[PDB]
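Work the whole structure out from these sequences, hints included.
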Amino acid sequence: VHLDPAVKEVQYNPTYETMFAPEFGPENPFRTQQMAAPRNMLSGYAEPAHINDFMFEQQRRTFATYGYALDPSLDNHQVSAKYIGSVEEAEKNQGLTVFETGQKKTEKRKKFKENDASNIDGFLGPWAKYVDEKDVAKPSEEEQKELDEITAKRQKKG
Amino acid sequence: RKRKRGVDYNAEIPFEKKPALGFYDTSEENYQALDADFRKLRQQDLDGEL
Amino acid sequence: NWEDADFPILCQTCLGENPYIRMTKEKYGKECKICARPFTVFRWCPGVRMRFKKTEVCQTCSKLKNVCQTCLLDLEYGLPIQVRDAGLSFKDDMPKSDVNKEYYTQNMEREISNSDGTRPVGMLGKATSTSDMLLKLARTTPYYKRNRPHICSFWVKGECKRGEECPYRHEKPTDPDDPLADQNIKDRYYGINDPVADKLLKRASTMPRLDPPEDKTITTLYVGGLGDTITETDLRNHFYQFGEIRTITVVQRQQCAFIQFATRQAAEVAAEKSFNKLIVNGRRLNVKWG
Amino acid sequence: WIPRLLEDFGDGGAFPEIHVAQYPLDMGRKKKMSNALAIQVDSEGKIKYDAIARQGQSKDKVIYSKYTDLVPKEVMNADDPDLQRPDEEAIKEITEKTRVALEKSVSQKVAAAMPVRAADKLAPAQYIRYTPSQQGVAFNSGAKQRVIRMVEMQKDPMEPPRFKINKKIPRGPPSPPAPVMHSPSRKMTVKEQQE
Amino acid sequence: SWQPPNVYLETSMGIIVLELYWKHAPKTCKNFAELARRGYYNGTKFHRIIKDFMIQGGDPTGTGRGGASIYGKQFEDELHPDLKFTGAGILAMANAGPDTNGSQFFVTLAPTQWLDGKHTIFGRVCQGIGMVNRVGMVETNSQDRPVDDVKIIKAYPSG
Amino acid sequence: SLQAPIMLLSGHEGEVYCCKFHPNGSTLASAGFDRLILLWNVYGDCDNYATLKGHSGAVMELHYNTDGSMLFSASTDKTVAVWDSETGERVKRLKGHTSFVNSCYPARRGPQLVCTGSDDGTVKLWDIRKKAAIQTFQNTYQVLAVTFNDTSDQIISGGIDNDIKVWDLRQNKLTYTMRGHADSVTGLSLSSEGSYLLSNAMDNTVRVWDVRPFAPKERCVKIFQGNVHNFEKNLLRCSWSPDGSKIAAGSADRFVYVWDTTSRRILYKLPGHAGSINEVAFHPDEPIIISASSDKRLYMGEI
Amino acid sequence: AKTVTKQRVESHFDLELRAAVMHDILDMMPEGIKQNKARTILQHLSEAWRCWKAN
Ligand SMILES: [Zn+2]
Ligand SMILES: [Zn+2]
Ligand SMILES: [Zn+2]
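Chains as they are written, first to last, in the UniProt record's numbering: chain A, 70 to 227; chain B, 202 to 251; chain C, 14 to 303; chain D, 50 to 244; chain E, 8 to 166; chain F, 54 to 356; chain G, 669 to 723.
In short, the hints are calculated from the structure, not lab data. A few of these clues could be false.
[What the hints assert, rightly or not] Computed cross-link-like contacts, DSBU-like style, restricted to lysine-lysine with a CA-CA straight-line distance of at most 30 Å:
| hint | chain 1 | residue 1 | chain 2 | residue 2 |
| --- | --- | --- | --- | --- |
| 1 | E | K58 | A | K77 |
| 2 | G | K705 | G | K721 |
| 3 | A | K173 | A | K198 |
| 4 | E | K58 | D | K81 |
| 5 | B | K219 | C | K114 |
| 6 | C | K170 | A | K207 |
The structure is reproduced here in structure tokens:
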């Protein structure tokens, strides 16, 4: 009720009543979703955060492994906390991260091991392939013929 | 055609400056193109007499 | 000039479904696909099974035409450039021939650097006047199917020796006997003969619209889908905008409301503004002529 | 109590109790797309014909286009605190600002002279908090913001220049022409024109 | 508790006379006439001017968020079912939300729907729509703020 | 207002976990994640002069004595170093925890005492003259914040059980439990009178608790709001003004909240902080606020 | 920006002499002159130099 709406960088120490009172009057109708949002350069508002590296990459790998994470917004709908992602698996698995000892432990895959380095052309320490999944993937019985058709249609062009 | 410039002349306006606009609406008015008449028109006719 | 900017101009279906994104910044990595002057390349991974997309055009070539730097679709609506220019005007006229393109680029970049660095430089005043049909075919949900690795060209010849470790897709490529498969970069940028834009404008032609009076001067409005949870004293308030409103016949047994105004112009208007758009009392208010 | 025109309005003002679509001056509902810049007037002065002079200039640019800019001022009698060099501490402040501003561009020019003597080092890997401004229920996934970790790409020392720079385009248009503010054309005679 | 007729403004551009409606909203009119009488607008400016929408005016700080009343910082609304925002010249009361009004008026320039959706009509101008239209033609910026001073010099609760 | 408008205190390479005002208030000493504690003279030009090294952890808690002559801070390596304000030398180090020391407090008035709490679930009472723990209170969950009453009879501990606990030095028993937080307590601080203790928590609410011989028995005296905690899980600390009229507490939304002591009304909510804020402190004489944050900078707000 | 080394010296001198004469005749003509006639005065100066060298 005392200060300019936005200039920037106030030289005196403000009061909560003198900076965060709402602007009076109605909004103008001459602005879109991009123009009404407080954007910084053509696509939104970008400001330098200072999030801890470990916690950032923890939530990042938690989403990339499962599909849920905490909210890194500053205020949002005012409230202490909420989760953002596939929310159903967050409360299912109690909201664990990758860096913690898991709840689920079942159905491990099987692979070779010959950890001795004594038998030449038999050793595979950490280069061990899985026993179930196998190399070169030839497509199918009709996939081959339809790919031959589509390459033939490519040949009719050049 | 093997040249960098040169084809930019008929394709578009070469180094186009828009006419500065102000105090009068001039968005409605337009100009009429030249009559082709390609049964009398000659290379000397476009240029004018020497 | 160079470009040298921080944090690219991206949409949300290219930037991925993770709120936590790692990207690398390379200072003058590539050249622009349009401008051919080199810019700052930003490169991220969208999700988990995605492609590692990177920015393709300058900050300047996205400021001129209000698009995302990698998919070349609109920031606000998310449609091709030819569709958005079809639902607007086309007064940019960026030159396509070489020396004129770099001259226009230099001068418009000078106009950008002689300003704040926040707005569409020429598209702003024509971006005030909006909400055409393009708002009625804008995609609501993110199309995450673009962010998807290419067809393995060793698997097409049946020789993919990586198999299950190959990150490229083992699935059908699209039939080249298709208009939707030519798609130049510059054709998609300048708004010339984009087949995606052809199909979107064709879908657009089909779509419902307000129509002209069957006979002259008739301002009679045949309004279907009224409903009995509304009142006719509010209609007037939501209608007066137009001018003095003529006749207002009301029938609640068919739930149809007939209306009359001074001029036919206003009735056409009320159709236009009103047709396939207006809803009040949280209930759709449908309109027809006679 | 009869609007119906722009005549019955004496000096304007639409009566908001009539419940019609009256309008005092020509505030038409279908004002077409007109490209004329607005004929704007200053606080109590004339129509700003300065606006046709500042096409590509800013709003704080000072240009002279009026005849009051041509008349001389008064004698401005004596040691007046109006015509004074501002303040010696303000001079030191502007000096310090200007030397800090120029030394940065000096360092950026001088960095070319020795390209790699103690070849470059980079790890200020940082975070920026970004509000996408095109909010959707499903677009981010579920949030108003997103946080992005930016690492500067590590540059190969054994790598030549990438792109051609020798390309050259002609010099663009200069800033909007300034009005001349000349005197009234001293008169030329036939005799002196012949001499 | 008296009811004056039309209020004399003396702005920087000219003289505008305001016709205020005492039946439909008497409390805003009494408050505004009192603020014009005490000398609360002598030197305040037209802080928010949007072209062809309205001209918001009256602020001792000149910010668009300040102001008070003779009741103190707030009072209720007078949303009457007879007055509707249609047409230029309509003098009004600037809002912050439901039943929260300070000491900011705005003259509306265009027929509008959300205005009489959520605002209380104070009154209208009667003499001086030309000077109002000249105030409408003032250079603006990003936040629609004038470059020069479009301030009111004096004010009279006349009649 | 004394020579302070806002300034800027920098030098730190990591988040500034704690900062306290000189008992005199003339000078200041801060410390954080950087394993460095910084002393910058508050008056004149606000410049640091003496740095106190000797920490193989995060100088988590930093405190001062009533006199302020002796300053003791608590690190993350389970060892507390005691440094005098003058000459800056590690003078009395006490090592008794098996895990990280989360916080420490020094008893004012009565013969010198120090309390510590750690991730091993214990709270320990130290006599600076003994080089050994005096008492040990095994909880069972990690302890985050600890403070003494002014009588030096009681120890007040906040942990991750959402329950503030009060310990009797003579009985060595759990005297009191306080219920009212929905989540971990990160920061406790007594009024200068002994009368009230201020708490921050992960439950989204700042709560004042009154500790008295005669207590209502349900000591939820007041509740304040605005202070946000998030995925960073930073320890958050709060402070009382010199006269007990103002309450400051840092947040993870970079906002320095300061409520009214009597009306519980947000007096201030200053900005100018890029990263989460870890501690806010009040000058002992003048209306000056030191805000410390994870952006490695300090501000000297003047009211 | 090429340097006037040894084989550019006379050409640079006679390049700058013409420019100084051009600036002087643009300042010397009064206000109502057609602003032509510079080339003729430059030719008069070259002929005056030839007549100096020929005595
Ligand atoms: Zn480009
Ligand atoms: Zn995109
Ligand atoms: Zn493959």
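Inset, instruction - Determine which of the earlier numbered hints do not hold for this structure and return their numbers in increasing order. - result: Violated hints: none; all satisfied.
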